[PDB]
Structure formats: C-alpha cells, structure tokens
Amino acid sequence: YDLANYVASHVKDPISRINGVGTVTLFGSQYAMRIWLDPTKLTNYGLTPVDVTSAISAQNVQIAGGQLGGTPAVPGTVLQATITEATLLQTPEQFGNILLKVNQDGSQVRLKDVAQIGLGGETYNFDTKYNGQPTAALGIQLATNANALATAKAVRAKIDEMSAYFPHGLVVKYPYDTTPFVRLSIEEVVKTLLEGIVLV
Amino acid sequence: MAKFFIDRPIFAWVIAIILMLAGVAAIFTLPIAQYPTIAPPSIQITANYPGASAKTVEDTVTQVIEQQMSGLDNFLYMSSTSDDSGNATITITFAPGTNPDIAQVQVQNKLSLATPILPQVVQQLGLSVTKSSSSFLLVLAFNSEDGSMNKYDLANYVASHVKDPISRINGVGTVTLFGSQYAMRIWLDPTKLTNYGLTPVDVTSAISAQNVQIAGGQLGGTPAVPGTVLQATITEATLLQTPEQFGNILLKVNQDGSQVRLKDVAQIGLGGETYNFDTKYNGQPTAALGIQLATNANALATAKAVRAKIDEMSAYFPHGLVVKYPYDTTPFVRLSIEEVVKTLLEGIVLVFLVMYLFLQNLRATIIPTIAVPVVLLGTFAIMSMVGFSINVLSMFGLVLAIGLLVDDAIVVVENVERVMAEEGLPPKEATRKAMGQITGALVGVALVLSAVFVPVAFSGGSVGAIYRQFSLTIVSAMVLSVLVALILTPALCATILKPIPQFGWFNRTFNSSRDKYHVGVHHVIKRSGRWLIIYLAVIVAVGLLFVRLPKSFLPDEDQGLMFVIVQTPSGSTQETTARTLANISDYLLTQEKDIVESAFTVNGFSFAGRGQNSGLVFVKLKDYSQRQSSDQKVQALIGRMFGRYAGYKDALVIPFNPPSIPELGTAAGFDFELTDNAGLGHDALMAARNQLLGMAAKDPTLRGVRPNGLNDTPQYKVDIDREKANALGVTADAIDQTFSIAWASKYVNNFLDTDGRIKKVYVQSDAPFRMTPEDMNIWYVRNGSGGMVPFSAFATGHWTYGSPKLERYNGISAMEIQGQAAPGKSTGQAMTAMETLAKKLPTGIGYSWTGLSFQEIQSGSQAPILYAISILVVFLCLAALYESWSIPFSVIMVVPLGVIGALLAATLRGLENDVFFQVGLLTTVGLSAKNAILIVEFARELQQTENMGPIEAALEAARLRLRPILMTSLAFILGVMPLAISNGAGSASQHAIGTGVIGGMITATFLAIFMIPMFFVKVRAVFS
Amino acid sequence: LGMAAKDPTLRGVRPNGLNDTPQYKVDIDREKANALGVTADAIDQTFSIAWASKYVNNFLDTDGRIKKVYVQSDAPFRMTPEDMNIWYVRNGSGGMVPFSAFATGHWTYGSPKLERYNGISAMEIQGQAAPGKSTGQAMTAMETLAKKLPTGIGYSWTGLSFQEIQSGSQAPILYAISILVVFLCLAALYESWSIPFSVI
Amino acid sequence: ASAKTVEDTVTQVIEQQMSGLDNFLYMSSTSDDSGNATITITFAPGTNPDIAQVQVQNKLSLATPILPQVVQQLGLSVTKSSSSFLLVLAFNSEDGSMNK
Amino acid sequence: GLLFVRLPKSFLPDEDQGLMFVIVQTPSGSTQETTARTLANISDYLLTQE
Amino acid sequence: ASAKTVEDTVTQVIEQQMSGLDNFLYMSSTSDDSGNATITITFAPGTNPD
Ligand SMILES: CCCCCCCCCCCO[C@@H]1O[C@H](CO)[C@@H](O[C@H]2O[C@H](CO)[C@@H](O)[C@H](O)[C@H]2O)[C@H](O)[C@H]1O
Ligand SMILES: CCCCCCCCCCCO[C@@H]1O[C@H](CO)[C@@H](O[C@H]2O[C@H](CO)[C@@H](O)[C@H](O)[C@H]2O)[C@H](O)[C@H]1O
Ligand SMILES: CCCCCCCCCCCO[C@@H]1O[C@H](CO)[C@@H](O[C@H]2O[C@H](CO)[C@@H](O)[C@H](O)[C@H]2O)[C@H](O)[C@H]1O
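Taken in order, these protein sequences are the chains called V, X, G, R, E and U. Residue 278 in the deposited numbering sits at position 127 of the first sequence, and the numbers go up by one each step. What the second sequence shows, in the deposited numbering, is residues 1 to 502, 512 to 1033, in sequence order. Residue 839 in the deposited numbering sits at position 138 of the third sequence, and the numbers go up by one each step. Residue 135 in the deposited numbering sits at position 84 of the fourth sequence, and the numbers go up by one each step. Residue 568 in the deposited numbering sits at position 17 of the fifth sequence, and the numbers go up by one each step. Residue 97 in the deposited numbering sits at position 46 of the sixth sequence, and the numbers go up by one each step.
Treat the hints as calculated values from the structure; they're not laboratory data. Hints may contain errors.
[To be verified] Listed next, the in silico BS3-like pairs over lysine-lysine satisfying Cα-Cα at most 30 Å (straight line):
(1) G:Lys848 <-> R:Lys131
(2) R:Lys131 <-> X:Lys110
(3) X:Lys602 <-> V:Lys192
(4) G:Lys726 <-> E:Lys560
(5) X:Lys560 <-> X:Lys602
(6) G:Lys769 <-> R:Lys110
[As the list claims (entries may be wrong)] If you anchor each label on the Cβ, the simulated ranges turn out as follows:
(7) G:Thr781 <-> U:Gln68: 50 to 58 Å
(8) U:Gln68 <-> R:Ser85: 20 to 28 Å
(9) X:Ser112 <-> V:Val323: 48 to 56 Å
(10) G:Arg712 <-> E:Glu584: 28 to 36 Å
(11) V:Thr204 <-> G:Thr781: 29 to 37 Å
(12) U:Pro100 <-> X:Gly552: 49 to 57 Å
(13) G:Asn819 <-> X:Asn150: 48 to 56 Å
Note that beta-carbon positions come from the ideal geometry of N, C-alpha and C, so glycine has one too.
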C-alpha cells in the first residue's frame, strides 16, 4: 500500500501529463481512508451501515465560512478575515471519533466502536510482484499516433528527475519496455548500412 | 533569366503587373494588429466557491481538477491558485506551435469529465474554460454621470442591451463584462428566525420548493383519447420574479392558523451576485466591457465599427448614461501605419533624388522608382500568402527592407549606366554586359542574406515570435527584390535608357574624392598590417561595447496609459482601500487635470489575484497632441507618483507604464517555482521560501528577488463542539449548514427577473448579524426534538494563521519567486545562483523553472547552433560564387565593421540592445556583406579577365564600387533619419531602430570601402 | 403572405414557422393550499408527473436492451381543462385535498416558437417561382412586396437564396477578371500589347 | 420553459458567445414552447466543419456560467448538422403481426 | 448589354428527382388525429387519382 | 458491481449514444466483475485522433 500510495501521490499525475502518454494505469492506488464495519457491533447500538455513511458525509466536510466584516458590510467596518468552520478529517483517528448515536444512558456511540479504521487501497483488486518482491506498477500506454521512442525517453527523463525525492530505499525498474527493442533494431540496421558501405 | 527578360520587356511588365495587383489586394485584405501573437497558448479554468477560504478551494476544487488534467497534447506545464475570494484558477501552458483551439477543447473535455467530483455549488455556478490573453482591442466604461445607476445597474444594462449587438460586430472576438449584475438577495435576520423557530436551511428549502418552473405537459396531449379536437401547452408554475413574491414564500404555519412568511424573517431584494469588488470611473459608478479582437481581423476597422455601433445605440441610453473608452490601442497602430507609409514614400523619393544627384539622368532615375514600389507591393502580396499581418513588427520589417531593395535597384541601374558610359554601348548590349557581371552575385546575395536571417526566423520562444514576423518580412522583400533585379529592372534598363550623346562642381568634387579614396585604398593596402591591428582593435571595441550595452526586449513607449498597483495592509476592507483609490483618483483629476483624461479604479483586484486589500488604477492620458513638453509625458507622471506616494503610510502604490508586450516581462527577469516535493506542508514550504528569499537578498548575482504571492495572514477559526451539540440534540449538519448559509451565503436557485432574464438567488445573513465574532453567538440551530440552541452553547472561536493565496505548480504546492539578474549579469548565471541556493534548502523542497526561464532552458544550445548553420551556408554560398575556399574570407570579415558603429551609436545615446537594435544590425551587416560581395566579385572578375594582380584588381574594383556604395548609404541614412530624430508616439521604437542603423551604415560603409580591398589582397596573398 | 397570394410572379409562399397557438395557464392559490395542509412542492410534482409524464429510471426489456420507464396519467384524465379537477394531493395530516380546492384555469394566446436570424427576431418564409418565372424573379417580387411592409421590418436572404445572390452578382466581376487574365497571358506569350487586344 | 423564456435565457445567451468564429456566414435559431433551443451556425463554403465544431464548443464554454443552471447541467449538444435527408426507410408488417 | 440584363437569373434548375414533398400545416391547436386525416387525404389522392 | 450490472447500467447506456461518429471502423466493449466498463471505438486510418 505504501508503494502504491507513493507512486499515486508523486509520480502518476505528472507522468500522466507528458505529451504522448495516452494513459496511465496504477495496479494499486493512493491511500484510501478505510472503514471496516462490524455487523454485530452495529446491531448492539441499533445502527445500520447507512447511519455510518451518512455520519461520514456530515462530519467529514469542508464548510465555506464567509468573512468577518465581509462583503457587503455595514458602513464603517474596518476589519475582515476569513472564517474557517469545518475541515476534512485527516487521520483514521479523527474518523474513528465521528459521532453515530446518543444512547439512553447518555453515552455517545462513535465510529471507532463499530469499525476498524486505516489507510489502505481504493481497491483490493491487484497484487503485483517484481522478481517476487512487492512492487507498485505503472503501465504507460502510448497515445494514438504518438512516437514511442520520444515518449519513452521523456518519461524516463521525468522519472530520472523525480528520483531526486525518492524516500530511502525506493528503487525504480522497467519490467516491460518495447522501445529499447525498436531503438536497438534501428541502431542495428544503421550498423549494417555502414558495414555495407565499407564492403562496397 | 536576366538576359532572358532583357530581350522581352512585355513579359517582365506582365509579371510586374501581377505583383502590383496582388499587392494591392493584400493592402486591402491583410489583418491589422499591434503585435502578432507572441506567447505560447495557455488555457485557464476558473471556479468560484462563494464564501470558501483559500484552503477550502484548494482541497475541494483545485486539487480535483488538477488530478483530472491529463492526456492533453503538448502540455508544457500547469500553474494554479486558490484564494480567499473563494476563487480557483488553473492555467495550463502548452508548447509553442500548439493549436490553441485543440488545447482549449482538450482542456474543456478533461474538465467536463472532472465536474461531477466537484462541490455541488461549484457545479451549479458553472466553471469557465477560456484562452488566457493579456490584450484587448478596446475597453468601454459605461458610466452613470448623474448617479442614476450604480455598478450593478450599469453591468445589468450592458448585459441586457450592449453585449449582444456588440458581439455581432464583424471582427469582434471575445467580449468580457467586467461587472456583476442583479441577484435576488435574501438577508436573514437571526433573531426573527429564532422567534419563529426557523433555521437558514428552512429558508433555502422553501426557496428551492416555491421558486420553481414546472413542466405542465399539454391539453389534448399524446397519446390522446379519440375525438379530442384541441392541443395546447399548459403552464403551471413559474419562477418568482419580484421581491414581494420571494417575501411571500410560506415558511411555517402556527397552530393558531397564522402563517410565517419569508418577509417576516429576512430582508429581500435585488442586489449583486458579488460584492467582492468595486469599480469607479472618474469617481463615478462604472461598468467595464473588454472587447478582444477576433483572430485575423484588422484592429482599425473593428475598433471604428465598435465605436460606431456604440454611438448608434447611445441614442437610446437612459438619462445619465455615457460610454467612455479608457483603453484603446488602435490610435497608436493607425499612427504606426501612417508612419511606415510615410517612410516608404520618402524612400521612393530618396532613391529618385540620389539617382539624379549622382547621375543627373531623369530616365535612369525613373527605373528604381518603378522597381521599388513593385517589390513593396509584391511583398504585401507574399505577406498575404504567408499568413502575416500588418503589425508594428512587420511594418518595421518593411522599413528596414528598403535598404536592401533600393540597393538592388541602384546596383542594377547604376552598373548599366557605368557600362553604357565608360564603355559606350547601346542599351540592350549594355544591360546584357552589366547584368552578366552581377547576376551570380545577386543570386549569391539572396542566399547569403537569407542565411544571415535564418538564426532569427528559427529562434524559439516568445522572443523568436518577436523576431520571425520581422525577419521573415525582410527575407520576403529581399528575395523578391533579387527576383525583380533579375526580371524587371534589366528589361526596364534595356528599353527605357537611351544612349548618351554630346552639379558640375558635384561631379568634380566626387571625382576628386574618389581619386583621394583610390589613393587611400592603396595606402591601407600598403599599410595592411597596421590596419589589421586596427581591425582587431575594432573587434575588441565591439566586444566591450556589446557587454556594456543594456539588455532589453522592446523599448517602453508612452502609449497614453499608466497603471497603478495598490496594496493596502492585510485585513483592510473594501471601505478602507476605497479611500486609497479615491485619493489617487482625486489627485489625478485635480493636480494632473491637464494631463489626465480618465482614472479608472477597481478595488478587489491586483494583477495577480483578488483581495479586499488590493486594487488597481487605470489612468488614460489626454490626446498626444494636447500633451506637449517633457513634463506632460507618462514617465514624468510615474516619477511624480513615486514622489507623492512613496511617502504614504496607508497603502503601497506602484505607478508604472504598461509594457508593450507584457508576456515578455523583463529581459533580466527570472521566474522560479519552489515546490513541496515530499508532502512537507504549507508551513515547511513557506519556511523554505523565507529562507531562500533571505539568501537571495544577500546574493550579488541577484536583485529584486521577491516572492510573487502573499505571506500568511491571520484568520478566525470557528470550533464546534460537535459532541456537546449532539448531547443537546443538535446535529453537526444543522450547525455547519446554518453557520455557512449565514456567513458564507448560499446559492439556492435561479429566478426570472422583470426583464425576462435568468439570475441567481442567494440567502445570507443581513450584514449587521455577521460582521463580528460576537455575531457568531447570536445564531440559532434547532435540535432533534424541536426548539432552538445558540451557537454559544457549543461553539467557540479563536484566531490563527493561514494562507490567503495557495499556489500550485504541476499539481504540487508551490510558491513562485520572481526576480532579476544583477546589472551586468546574465539570466543563465542568475539561474545557476538560484539553483545553488535551492540546493541548500531542507530535503523534500524542490523547484522548477517557469515562463521565459523555462523557454531558455528548453532551447539552450539553439542560438549558437543556428549561428553556425548561418555562417556555414553563407560561407558555402560564397565559395560557389567565388570558386574558392579562401576568397569568402575577404567577405565574411566585413561583419564587425558596422557592428561597431551600431554599438557606438546606441551606447552614446543611452539606448539598449533590444530586438529593434538587433534586427537593424542584421540588415546593416547584410548590406555590408553585399557591398563586400560586389567589391570582391569585381576584383575577382578583373583579376581573371584583364589578368591583373590582386592589388591592381582591388584598387580598380574599389573605384568601380565606390559610387553605388555611397549612393545606397546616402539614400538609406536619409530614409531612416526621420525615425532616429522623432517626436511623438512610438518615438522610442523609431529611435531604437534608427540610431543603430545610422551608426551601422556610417562605420560599415567607410571602414568597408577602405578595408575590403585590403582584405581581398590579403587573402589572395595568404592562400595563393 | 396576403400580398404574395395575389402576386402572379410566385406560388406556394408559406411560413416556415408556426402561428400563435392558444395556451392554457394553471394558477395555483398557494395560500389556500398551505392553509389546507399541502406544500407547493407536492402540487407541483403531482401535476407534472400526471400531465407532462416523468422518466423515472431504466428497465431491462425481455430482449436484453436497456430502455426507459415513464409515468403519466392515462389519457382520459389529462385531456381538457375540465379534467384537472380529478387530481387529489394528500396533505400533511394524511388527508386528501383536490385540485379544485386551490387552482384556477386561464386561457391566453402565445407563440409556439420564436426565430432569430443573426440575433434578430425573425420569421422564415419559403416559396417557389411561378411556372414561367425564375428563382431570381421571384426574389425580386419578394423584395418589391417587402418594400411595402411597415417601417422597421427588414429582410435577409439565406441558404439557396444567399448563394444565388453570390453567384449572380459575382459573375460579371469574374468575367472582367477573366478577360484581364487572358489579355495578360497572351501579352506575355506573344510579347505584344496588340495581339491580346485584337484577341480580346 | 416557455418559448420566450428559452429564447431570452438560453438561445440569446448562446448566440452572444458566438463572436469571433472563423469563417462565420450567418446563424439561425429556434426557441420552442417545449423548452428547446436550437442555434444553427453556418460557415463559409469550404470551411473545415471539424475546426468549426471545435471552435463552436470552445466558444460555448463561455456561455455556461451565464446559462440557467439546469440547462448548463443537463448538457448542451453540439453536432455537425445537415438537411440532406438522404433516404428514409419505412418498415412495414405485411402480415399484421406488428403495430406502430 | 441589353440581352444580358434582360435575361432572368437563377442558381440551379429544378431537376425531376423522382421525389416530391407535400407540407401540411393545420390550424394552431389542432391534434394529431386532425393532421393524420389531412395527410390521409393527400395519400389517398396520390395513390388513387395519381 | 457485477459484469451484468456494469453492462445494464453503464455499457449499454454509453453504447446507445456512440452514433454519429465520422470514420467509425468498429467497436468492442467489455464489462467485468471488477466493476470496469471499457468501450474501445476504432476509426479508419488517417482519422484525426483529436
Ligand atoms: C477598465 C479600465 C480600463 C481598461 C484596463 C486595461 C486592460 C488591458 C491592458 C493590459 C493588461 O495586461 C496585464 O498587465 C499587467 C501589467 O503589464 C501584467 O502584470 C504583470 O506585471 C505585474 C507587476 O508588474 C504582476 O502582478 C504579474 O505577474 C505580471 O503578469 C499582466 O500580466 C497583464 O495581463
Ligand atoms: C538548406 C536546407 C536546410 C534545411 C531547412 C532548415 C533551415 C535552417 C536550419 C536550422 C536547423 O534547426 C536547428 O536544429 C538544432 C539542432 O537540433 C536545434 O537545437 C536543439 O537540438 C540540439 C540537440 O539536437 C540541442 O543541443 C539544443 O539545445 C536544442 O535546442 C535548433 O533548435 C533548430 O532550430
Ligand atoms: C598572388 C598574390 C601575391 C602577389 C602580389 C603582387 C602585387 C605587388 C606589387 C607592389 C604593390 O604596390 C604598388 O602596386 C601597384 C600596382 O598597381 C603599382 O603602382 C601603380 O601601378 C598601376 C600601373 O599599372 C597604376 O594604374 C596604379 O595607380 C598604381 O598603384 C606599383 O607597381 C607599386 O608601387
């Protein structure tokens, strides 16, 4: 999940913007805030999953606050500043404290009490290995009528640029790449051309 | 070719006629614009999130759109901001050459795919995709002189009556209304809400429910029962239209039967969609309308047409309404066109007078005066075919090009006259003999000069965009001129000129002079080594003058405008900043009453974004003819404004003359993007910004290094104790929505105004209840069991810091730093200094180059490579001409001659090494190469047909070429002289070109006539 | 149109638009409805679903093709104004109140479609040249009749008519340019100003 | 929307944004009591219709923040039009086994 | 000169393509049943008398 | 969602609108239990991808 997240958060979007890159596939994703419900615990508090989805949507929010002294203000107002009310939650701990119920004895039920919260994948569809070790994979598909050698060289350059900010231990390999083949075959026919010149 | 058309003047005149006709057609169909497009296409998306903070916009709007912006062909980079006016702006920049239509549609389609993810309010308000431009044809100010209309009335009027007719004027491109218009404003009163137990969401929902347009189907609709004999569309429910109807919306009914209505709980009425800004004309309310020119229309007719339609429909403006034109560039382009036509006609008269002076033969003078107009008209015809426009850059191209095409005309006719007189032959044989001595050299001249000019045409970037219209107009004219010298003018000479049968002081003085010159040519030859040391002295002077002469793109003209940036201290309001702007307008209209025509003020805007603490003043000056003197020019007004407002505590006031082409910025400038590459956060990035800026302000390689955006500013946080509220039975949604509607306002739905137009509906608290943090406690929200709870029950607030403007580059948070290279230092070395500073920043902070520094990085080793190609092909063309690997050196060495003169003239007049200087220098170096090419050509032909030695050949060829060289230089210096001594609009550019070329022609021709034969004999001695 | 009916030059002149049609407005007395316990939304939605129909969602037909689901009143109940009485809406207490209790009918007349040509309100007319007349002669007759219309009513030609005007008015200029070009071509070919003239 | 509502709030707005179109010849538009707006932009003969379409769409972006929210959300459709009613197929059930 | 100016002008001739249109427009407010009946009138004439 | 849900609620909905395309060559769609609808439309060679 960490490798898929790093790639999603630092490599994929800029690579997706290189000319000639038609499309980009991450077998993985950026982190997703993951809320794993427990039905027996939901039953205990008289709650359903919809209660949970609704509370996330009401308590995980960014709210327009307008302004102190904002416009149109009463004549004479001489101070203004933006108001911040509610913000997106950020860590699984904050989500675990979302409020679900006020039960009879005065306690309030919270999402931590009905679910496991953590960062994981948007999808659990994939599993990738490079030489049997964990990997995060980016499939680069060439845009229609774009030049494979040009695009591959540009993306390899952008990756070389981004390598300056890799976390410790992060390595990049190129498991599948057809442009070395095309480049080497053009190179080889050039070599035969010059051999034939000498022979003539 | 030449000998072909000599024997047949009819065919040559048919070709001349076709060129002339096509040229006239191009005169009347070519586009007119002040400048060609320069900068690469950029597409910007804008979004509005009413009441959202910069952080809210970055997280709910900007980041979503950016994450969706991919698969765009030819993307160079992307740059976005998110600010406290609730505004998102994302600009995508594409590579030079990209089709702007395709970039825009590609951007719009990715944006359409992105739209569902965005906040519902952002979606409902609509996003904009537009091509980023910095230029306008006209900007109209619709003003209420008697106060009958405020800015909302004015903008409403424009949108209802002007924008549509104006859009249908031929040649009008984009039409922008700077101005907000009517909206139904519901101003909630919290106490009246609490008394009836209502919340702002009740109001929004009632509006959503009662201001509706309902499809009624139709009577007798299909499928119908048999026998029905009438259809009719049925209308049920229509949008509310008037404040009374909105106030009569039913909100609640009490048990006693009484009804609670919106009028009982809020103030309802027409207001503006936004109050973020205010615009004033000369202290009057105003609404502005920007008219941008359609692609490939002519600016002059479009502007005349717009002013004519505005005049036409001003017959029906309500009382008190007037239209002013605070912005208009078109007088100045009309003036450039008049000035160029004046120069071209003068150039024709000058060739007439010079041919007569040296030849005193009317018949021979008329040939160049036919040939030059034909080539100019053909140049217009070629410009039409190639897609150029009539613009200041191309017009200066024609101005510089007469020096080449009159030189061709004089070479042809003067050489025919010399052969016809000194050798005594009749016209057909004389022209055949004279055009057999120059045809190959003329072909070679065309190729060599084209080579001279290709490093300019093939230059990349916006600077190359400046160059190429200019240089390629020169190249078109030159190539046609060579064709005309080989097609029309030999036939004109062979048919027009007659034999010569049987002032005088001037003839005697020129003959004495050319004898002293001939002896001087010999002197320099015999003293070669001394004058080769002198040649190296000239080269060293070229270097030192070049390094000392300031860099520049275009000279800054007084175009009758001045822009004033106004930045008041943080937290300032619209009311407070309005008074710095009001001060400035009153000052301009009273103290500068005789200099200033308009002062247009907008607060709410800098050039770099919005803010209540920021404004602009747009001031137009009086007609250039009523503005004589040095005190009355814009530069002096900028000085007086620095004086008045540098000692001004309330605001930062920057007066400045707008640059001609703003996209170029400053030649010494650099544009840097400091980026958060490790997800380290805003605080870390600004810590790095401040660290880097502190280093740069100590750096002698750098000057003026400033952070392009804003420092963090204090903000007020509302903390809701959600569990305390829930214990009270109050749900988080009720709290946040009540607070947000009251403070940030809310867009509910559309309504149909009494004029039949669709407008927006907003509910927000009335201003008295949302001004202060205390007001946050006067607001109520209901709990799950009914009844009202105050915000004071569960809400506290506290002050903090946050950015009011959040910048992103290529999708990751950034902060743009902008500066200049230190005087005497280059931009590349400035970039290296910045980079070594950036290396010394904490790990995870990266950076990118943007703008003209990015352009410089992309094309780095292009300039030297193009020069090598140019030099090589010049050399190869000359080897073919001379059949020698060494003789071309006697021509190529002419280059620094004349360059020294241009540098000398510019430095002694304080002008700068700008683009005008550079193109002028290229044409004069081209002419010196041509003069050297013909000197060496005749020296060669004499050395091989009359078996002469190198010195005899050099001396005789110098005698032969002295007259035509002097004829051309005299005509050309006199032709550009009026530009080099100019009063009035555009004189800075006219000076920038004229000073340089006069200096160049002077030293070029004198040093060339004395040193080129010495070089010829020297190369002949050295490699033979 | 009345003028064209008598102009012997032309036949079949008809408007390409639509005459004003009778229209029926339904006025809801929202105060009565609020007093009787129905919200404006309920009456709005019932009358639209009943008369205008509603596309609710898709269904999957027996052939495997996705198609639409529509809800509307059966024809006998939505045919005449007199029908609008039978529709009931249930109020906030669960009781039913009929439309006749709070709504009124109103006849009027109005346009079924508005035309704009280059932004100017307009009405399109098409016609034929009478047997024995050309398209151009019919257009001259049309301009003669339009000349006799009230001041402020102008006209334009579009489509075939516009292209016809281009053809007819450009031909003489093209003949002139063609004569000039033949003149210059023979002047060049035969090195004479007298040969091309004697030919022209 | 009524015919007048459509014309004044949809059709006119869309037309206003159509300044600056390369090779514009004229434009004609309809606004019906069915709520329908149809604006047909005709260009010079020989104009590239694909370029014309991309330009019309790029100009249409300007209209969306002015258009009624519902119209802007529901979507505007842009197409290369024709009246070349080329051929019409009539499908008939001769044995009567199928109706309209 | 006079023979050119006198000559009636046109764009293209009306060729018989083997096809013809008949446009029918009934009073405003009329129903699908009413227009179906006029279209049938035209179809009956064309398919019996013509 | 299942491949069948994907086909009924997305793939058939999009396909029913893929008409009026210049240089249409063929179309190939797939709906799978990973919730993915992929509709590839191929045009004649030389069709402008833009
Ligand atoms: C209604 C009032 C009368 C009409 C107003 C006239 C409007 C059109 C005139 C030119 C507008 O062109 C606009 O000018 C300003 C100053 O050159 C440029 O601004 C430039 O310099 C300023 C400060 O030097 C920086 O804030 C900014 O990074 C840079 O873009 C801006 O990039 C260009 O977009
Ligand atoms: C006579 C017939 C000649 C053919 C027609 C062309 C006319 C003028 C010739 C100019 C050759 O074109 C010129 O090529 C050079 C070398 O690639 C380019 O330079 C580019 O490539 C080199 C490496 O490939 C880089 O080092 C350099 O930073 C980059 O800008 C330059 O931007 C372009 O302008
Ligand atoms: C391959 C290259 C190397 C070989 C160089 C050969 C020439 C060098 C001769 C001396 C140079 O300096 C000077 O040359 C010129 C040549 O006109 C002569 O003087 C004179 O000669 C001719 C007479 O025909 C006069 O017309 C001319 O005004 C005058 O210069 C003289 O002989 C010598 O005083």
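Hints versus structure:
1. G:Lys848 <-> R:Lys131: Violated, at about 36 Å.
2. R:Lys131 <-> X:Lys110: holds, 22 Å
3. X:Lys602 <-> V:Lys192: Violated, because 80 Å separates the two Cα atoms, which is more than 30 Å.
4. G:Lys726 <-> E:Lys560: violated, 50 Å
5. X:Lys560 <-> X:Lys602: Not OK: X:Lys560 and X:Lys602 at ~36 Å, beyond 30 Å, violated.
6. G:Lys769 <-> R:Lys110: violated, 33 Å
7. G:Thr781 <-> U:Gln68: 50 to 58 Å: For G:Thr781 and U:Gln68 the Cβ distance comes to about 38 Å; the hint is violated.
8. U:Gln68 <-> R:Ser85: 20 to 28 Å: holds, 21 Å
9. X:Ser112 <-> V:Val323: 48 to 56 Å: violated, 34 Å
10. G:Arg712 <-> E:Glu584: 28 to 36 Å: holds, 30 Å
11. V:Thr204 <-> G:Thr781: 29 to 37 Å: violated, 48 Å
12. U:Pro100 <-> X:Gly552: 49 to 57 Å: Once the Cβ atoms are compared, 52 Å apart, the range 49 to 57 Å for X:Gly552 and U:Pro100 holds.
13. G:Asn819 <-> X:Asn150: 48 to 56 Å: violated, 33 Å
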